[PDB]
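Enquirer: One letter stands for each residue in the lines below.
There are 2 protein chains.
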Amino acid sequence: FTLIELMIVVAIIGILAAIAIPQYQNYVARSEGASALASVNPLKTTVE
Amino acid sequence: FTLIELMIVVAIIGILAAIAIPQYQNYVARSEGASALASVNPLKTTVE
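These protein sequences, in sequence, are chains A and B. In terms of full-length UniProt numbering, the numbers along the first sequence are unbroken and rise by one, the last being 54. In terms of full-length UniProt numbering, the numbers along the second sequence are unbroken and rise by one, the last being 54.
Simulated from the structure, these hints should not be mistaken for lab results. Heads up, some of the hints might be wrong.
When chains are identical, the list treats them as one kind, so a pair holds in a single copy or across two.
[As the list claims (entries may be wrong)] Keeping only pairs whose Cα atoms sit at most 25 Å apart, straight-line, the calculated SDA-like set for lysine to any residue is: (1) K50 to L22; (2) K50 to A23; (3) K50 to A40; (4) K50 to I14.
The whole structure should be built from the sequences, with the hints applied where relevant.
Expert: Shown next as structure tokens:
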């Protein structure tokens, strides 16, 4: 009778369907690069 | 969900588009040169 309780649980393991968003790391990378420009931009203004 | 808040911020870093006006220093230079004539001009008049 427990087999059916597991049927959902087999499903539950299954359904997760948005896990590995790697290039999350790559909008993170864009954030890190543009926001790496944020670090320097008033120093343009400072040299000048 | 924060990625979009950053999308503007990536932009915001970007948009600044009139920063390095170097030859500002060179109308400054013209000011400094002509206004360097201002310093002496009544001394023409004084020698004479």
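Enquirer: State for each hint whether it applies.
Expert: Structure-based check of all given hints:
1. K50 to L22: Classified as between; 12 Å across copies, 47 Å inside a copy.
2. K50 to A23: Between. Shortest inter-copy distance 12 Å satisfies the 25 Å Cα cut-off; intra-copy 45 Å does not.
3. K50 to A40: within (15 Å within a copy, 28 Å between copies)
4. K50 to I14: between (60 Å within a copy, 22 Å between copies)
Hint compliance for this structure: no hint is broken.
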